[PDB]
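There are 2 protein chains.
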Amino acid sequence: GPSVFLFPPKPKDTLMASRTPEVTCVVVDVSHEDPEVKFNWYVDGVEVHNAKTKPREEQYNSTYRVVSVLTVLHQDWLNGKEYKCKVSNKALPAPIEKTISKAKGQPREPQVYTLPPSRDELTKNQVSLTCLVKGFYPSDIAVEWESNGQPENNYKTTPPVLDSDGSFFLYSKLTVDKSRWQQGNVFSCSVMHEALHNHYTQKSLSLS
Amino acid sequence: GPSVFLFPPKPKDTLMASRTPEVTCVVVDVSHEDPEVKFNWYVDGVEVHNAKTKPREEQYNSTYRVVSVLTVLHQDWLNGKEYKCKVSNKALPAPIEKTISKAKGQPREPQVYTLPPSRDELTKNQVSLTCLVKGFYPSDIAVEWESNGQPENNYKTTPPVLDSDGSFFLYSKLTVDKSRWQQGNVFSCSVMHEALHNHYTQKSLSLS
Ligand SMILES: *[C@@H]1O[C@H](CO[C@@H]2O[C@@H](C)[C@@H](O)[C@@H](O)[C@@H]2O)[C@@H](O[C@@H]2O[C@H](CO)[C@@H](O[C@@H]3O[C@H](CO[C@H]4O[C@H](CO)[C@@H](O)[C@H](O)[C@@H]4O[C@@H]4O[C@H](CO)[C@@H](O)[C@H](O)[C@H]4NC(C)=O)[C@@H](O)[C@H](O[C@H]4O[C@H](CO)[C@@H](O)[C@H](O)[C@@H]4O[C@@H]4O[C@H](CO)[C@@H](O)[C@H](O)[C@H]4NC(C)=O)[C@@H]3O)[C@H](O)[C@H]2NC(C)=O)[C@H](O)[C@H]1NC(C)=O
Ligand SMILES: *[C@@H]1O[C@H](CO[C@@H]2O[C@@H](C)[C@@H](O)[C@@H](O)[C@@H]2O)[C@@H](O[C@@H]2O[C@H](CO)[C@@H](O[C@@H]3O[C@H](CO[C@H]4O[C@H](CO)[C@@H](O)[C@H](O)[C@@H]4O[C@@H]4O[C@H](CO)[C@@H](O)[C@H](O)[C@H]4NC(C)=O)[C@@H](O)[C@H](O[C@H]4O[C@H](CO)[C@@H](O)[C@H](O)[C@@H]4O[C@@H]4O[C@H](CO)[C@@H](O)[C@H](O)[C@H]4NC(C)=O)[C@@H]3O)[C@H](O)[C@H]2NC(C)=O)[C@H](O)[C@H]1NC(C)=O
Numbered sequence: 237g238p239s240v241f242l243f244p245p246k247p248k249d250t251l252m253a254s255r256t257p258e259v260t261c262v263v264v265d266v267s268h269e270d271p272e273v274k275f276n277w278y279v280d281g282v283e284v285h286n287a288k289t290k291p292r293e294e295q296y297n298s299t300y301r302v303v304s305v306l307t308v309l310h311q312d313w314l315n316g317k318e319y320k321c322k323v324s325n326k327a328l329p330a331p332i333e334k335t336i337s338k339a340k341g342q343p344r345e346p347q348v349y350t351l352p353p354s355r356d357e358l359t360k361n362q363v364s365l366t367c368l369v370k371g372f373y374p375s376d377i378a379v380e381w382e383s384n385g386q387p388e389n390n391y392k393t394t395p396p397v398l399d400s401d402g403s404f405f406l407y408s409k410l411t412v413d414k415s416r417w418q419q420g421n422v423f424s425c426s427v428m429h430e431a432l433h434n435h436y437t438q439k440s441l442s443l444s
Numbered sequence: 237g238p239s240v241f242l243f244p245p246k247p248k249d250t251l252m253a254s255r256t257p258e259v260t261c262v263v264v265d266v267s268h269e270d271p272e273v274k275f276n277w278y279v280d281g282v283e284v285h286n287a288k289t290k291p292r293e294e295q296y297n298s299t300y301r302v303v304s305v306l307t308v309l310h311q312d313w314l315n316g317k318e319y320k321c322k323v324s325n326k327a328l329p330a331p332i333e334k335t336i337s338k339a340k341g342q343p344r345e346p347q348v349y350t351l352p353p354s355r356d357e358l359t360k361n362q363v364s365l366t367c368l369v370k371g372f373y374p375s376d377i378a379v380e381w382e383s384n385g386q387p388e389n390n391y392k393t394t395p396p397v398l399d400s401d402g403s404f405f406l407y408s409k410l411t412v413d414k415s416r417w418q419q420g421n422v423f424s425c426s427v428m429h430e431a432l433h434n435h436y437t438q439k440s441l442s443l444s
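If you're matching them up, the sequences are chains B and A in order.
In this text, residue positions in the first sequence follow the authors' numbering: the first is 237, and each later residue adds one.
In this text, residue positions in the second sequence follow the authors' numbering: the first is 237, and each later residue adds one.
It is possible that part of the hints are untrue.
Repeated chains share a single entry, so a pair holds when one copy, or any two copies, can fit it.
[Said to hold, decoys possible] Quick list of in silico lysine-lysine cross-link-like pairs, DSBU-like style, CA-CA up to 35 Å:
{"no.": "1", "residue 1": "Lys392", "residue 2": "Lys334"}
{"no.": "2", "residue 1": "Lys288", "residue 2": "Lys360"}
{"no.": "3", "residue 1": "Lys439", "residue 2": "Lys414"}
{"no.": "4", "residue 1": "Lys340", "residue 2": "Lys439"}
{"no.": "5", "residue 1": "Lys322", "residue 2": "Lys360"}
{"no.": "6", "residue 1": "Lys439", "residue 2": "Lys322"}
{"no.": "7", "residue 1": "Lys334", "residue 2": "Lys414"}
{"no.": "8", "residue 1": "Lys414", "residue 2": "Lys317"}
{"no.": "9", "residue 1": "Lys326", "residue 2": "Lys248"}
{"no.": "10", "residue 1": "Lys360", "residue 2": "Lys290"}
{"no.": "11", "residue 1": "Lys439", "residue 2": "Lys326"}
{"no.": "12", "residue 1": "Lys392", "residue 2": "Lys246"}
Everything labelled a hint here was simulated from the structure, so no lab data went into it.
Modelling step: build the complete structure from the supplied sequences, incorporating the hints.
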């Protein structure tokens, strides 16, 4: 019958002042026969009620997808609180309890390195600027590129990868026109991770 | 009832001489009531019979997982042949036909760049060597590191990422002891992709 999924808040929401992080409970596969759903949000076993149950949009396979949203505390998430969402629907012989929390296991500070474009790329219209971030745990992270205190459009970041030591790494590639690089502009890789000081660090990258 | 999945061959198998690439049909969720499964392998509609149906290992949720394996031609896969695997089981009102093939869409040759370690890492026991591969389509690829004609252990590669242009990129990080790099050894990033000459290319990386 019904299958339930459960989602962590975004890394940036748990790390930066005054954002509103959110655990999300998504129930999928309820028919027209038993579509009346109901949630119960518990924070470390203790029941709480500041939840947001979105009304039930239909589907493209004739089921219903109900989404409840539970605002959490940035610090409640960082201190390892469990968030179990209890689901009710007659199509189930018994309610579904799915629980979620931050990755357990020793945290490790990311190491942030910048890499200038390989001398071979320097004959294309655009060039690639590279951020290596490595050594971090848990894998929850946010990486961003800017320049002169303003963000960047044309960058892409790889998912976190398990490294040989059991920590994570990733790369961010920032693509800019060759000229902007030749001209000597300054670009920054901003990283957000819990094991950083103030959850934030920044390494620059420019010509030499 | 039964849900069926379908898997492409490994990128290296379709690109290098004399390997044996394989499409794999994995049926999941069959009970003890209707566990008698049956396959039918078609190559571009035309039925074929050089298939390998593994006998049905049980599970940890009391279902059966049946796996048939179909050897394909390296060139039949590169020329866009469709491989539909037809599945039969009484728990289904009708057989399940899942079809699979190489990514359609114009292929693009990867551009392979090597990046030496950031001058900041040069105070750790080990250093990171970096291979950027970019501009390729379809995302099916194989990247490997070696040194003096022999492979490397301690390297990790990111999944292919969709770039802003609709092509893919990735990075491969090779971790070596600092000394091995200081000493001036030569390391190579080998790339395999269909849009390369002979499906293979290699860029080196050493000290200056
Ligand atoms: C009827 O249709 C619906 C709708 O889906 C689609 O809708 C139509 C329009 C088409 O597009 C169709 O393609 C399709 O029908 C179907 O509902 C789907 O049901 C499947 C389950 O079979 C669910 O798959 C799961 O996906 C989650 C992750 O999903 C996130 O990312 C998806 C994209 O990759 C995205 O589609 C989802 O919306 C969701 O997106 C996130 O949403 C939140 C919202 O708050 C957001 O904050 C996030 O940022 C956002 N992320 C983004 C943007 O992508 C995945 O985790 C599940 O994988 C686990 O479970 C699988 C078992 O089903 C198992 O195979 C995997 O290996 C994996 O295993 C898990 O492993 C972890 C540890 O790593 C463990 O903790 C877990 O317990 C374990 N799971 C197990 C085994 O229990 C899973 O693959 C889809 O979410 C869902 N689609 C949507 C959009 O809701 C439905 O199937 C159709 N009916 C039928 C035919 O049956
Ligand atoms: C009973 O148990 C079985 C076995 O699970 C095991 O035991 C249970 C108890 C749990 O503890 C599990 O955690 C444990 O693993 C369960 O069977 C599972 O069923 C789910 C579906 O609900 C399947 O999930 C799918 O996973 C595929 C890819 O799976 C590969 O990689 C997995 C790890 O990443 C690995 O677990 C799989 O074995 C498989 O491994 C591959 O194997 C081949 C063999 O040749 C090998 O070559 C590969 O190298 C290897 N790969 C890796 C990485 O190791 C995933 O693609 C599926 O996602 C699609 O479907 C989802 C719906 O569930 C949906 O959410 C996704 O969006 C996605 O939808 C697809 O989207 C694509 C485009 O992106 C589109 O083209 C497709 O059409 C569309 N799919 C369709 C058809 O709609 C999916 O998540 C697991 O394969 C399967 N587990 C195993 C081990 O087979 C079962 O759930 C249990 N019973 C129940 C119901 O409770």
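Here's how the hints hold up against the structure:
In the homo-oligomer, the alpha carbons of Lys392 and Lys334 lie at most 35 Å apart both inside one protomer (32 Å) and across protomers (32 Å), since each shortest distance falls under that limit. In this homomeric assembly, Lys288 and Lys360 never come within 35 Å of each other (Cα to Cα): the closest approach is 50 Å inside a single copy and 48 Å across copies. Within a single copy, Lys439 and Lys414 get their C-alpha atoms as close as 20 Å, and across copies as close as 22 Å, so both meet the 35 Å cut-off. Taking the shortest Cα distances, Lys340 and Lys439 sit within 35 Å of each other inside one copy (28 Å), while across copies they are farther apart (40 Å).
In this assembly of identical chains, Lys322 and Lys360 lie within 35 Å of each other by CA distance neither inside one copy nor across copies; the values are 55 Å within and 48 Å between. In this assembly of identical chains, the alpha carbons of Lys439 and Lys322 never lie at most 35 Å apart, being 43 Å within a copy and 54 Å across copies at closest. Taking identical chains as interchangeable, the C-alpha atoms of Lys334 and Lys414 are never at most 35 Å apart, the minima being 50 Å within one chain and 46 Å between chains. Proximity of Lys414 and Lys317 under a CA criterion of 35 Å is satisfied in neither setting, with 47 Å inside one chain copy and 41 Å between copies.
Taking the shortest Cα distances, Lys326 and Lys248 never come within 35 Å of each other, neither inside one copy (37 Å) nor across copies (49 Å). When the C-alpha separation of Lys360 and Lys290 is checked against a cutoff of 35 Å, the pair qualifies neither within a copy, at 48 Å, nor between copies, at 50 Å. For the identical chains of this complex, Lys439 and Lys326 are neighbours neither inside a copy (54 Å) nor across copies (61 Å), given an alpha-carbon limit of 35 Å. In this assembly of identical chains, the alpha carbons of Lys392 and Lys246 lie at most 35 Å apart whether taken from the same copy (17 Å) or from different copies (25 Å).
Comparing the model with each numbered hint stated earlier shows that hints 2, 5, 6, 7, 8, 9, 10 and 11 do not hold.
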